[PDB]
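What follows is one chain in structure tokens, specifically the form solved without the named molecule.
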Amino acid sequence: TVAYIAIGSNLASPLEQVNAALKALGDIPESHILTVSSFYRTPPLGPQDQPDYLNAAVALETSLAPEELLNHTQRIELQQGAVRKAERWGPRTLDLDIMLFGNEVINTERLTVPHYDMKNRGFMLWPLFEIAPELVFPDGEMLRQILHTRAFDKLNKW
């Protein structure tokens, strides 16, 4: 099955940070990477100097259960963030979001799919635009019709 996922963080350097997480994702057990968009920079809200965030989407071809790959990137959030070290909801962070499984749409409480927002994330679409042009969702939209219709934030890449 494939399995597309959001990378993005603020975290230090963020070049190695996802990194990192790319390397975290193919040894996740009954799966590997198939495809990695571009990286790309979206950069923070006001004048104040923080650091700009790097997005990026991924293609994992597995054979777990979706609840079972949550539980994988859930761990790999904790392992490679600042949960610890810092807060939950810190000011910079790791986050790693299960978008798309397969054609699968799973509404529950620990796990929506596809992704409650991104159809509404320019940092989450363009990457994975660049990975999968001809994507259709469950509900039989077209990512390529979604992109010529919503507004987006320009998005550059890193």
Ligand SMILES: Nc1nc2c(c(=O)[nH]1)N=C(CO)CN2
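For comparison with the form solved without the named molecule, provide the form solved in complex with the named molecule.
No partner chains or extra molecules come along with it, only the chain itself.
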């Protein structure tokens, strides 16, 4: 199944974090990277007392169960020093969010797929569109069309 993973970093040298993350994503068992986006510098969503993010997206082919992929993504966050601050939407050395897991709809305590907020975020949608311009969401919506509708500002390269 192709999983689409959003990468965000705004602490501790985001370019280094993102490169380290991509290496580690490629090392997850029973999986391999298909396509990587460009790297974009994006203003924070949420609290404004934090640095700009590097955002990217990756398409990962995997035979893992979605929760076992999440175990592996969370382990890479840990490996890279991610600390979950008290405040919502605060800074991170690395944030790996599962945007899509093929065409699956997943709603569990640990895991909500498609990512609950992705359709509201150009920092997630633009890098996804770069790597999967023909994507169709589980609900039948085209990514290309969501982008049109929302008219989100285009992103700046890192």
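Think of the rigid core as the biggest set of C-alphas that the two forms share within 1.5 Å after superposition. Residue numbers count along the first chain shown, from 1.
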item	value
Mobile residue between the two forms, C-alpha criterion 2 Å or more, rigid core, from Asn120, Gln50, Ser38, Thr35	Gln50
Rigid-core frame, C-alpha of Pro91, shift of 2 angstroms or more between the two forms	yes
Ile76 C-alpha moves between the two forms by 2 Å or more, core aligned	no
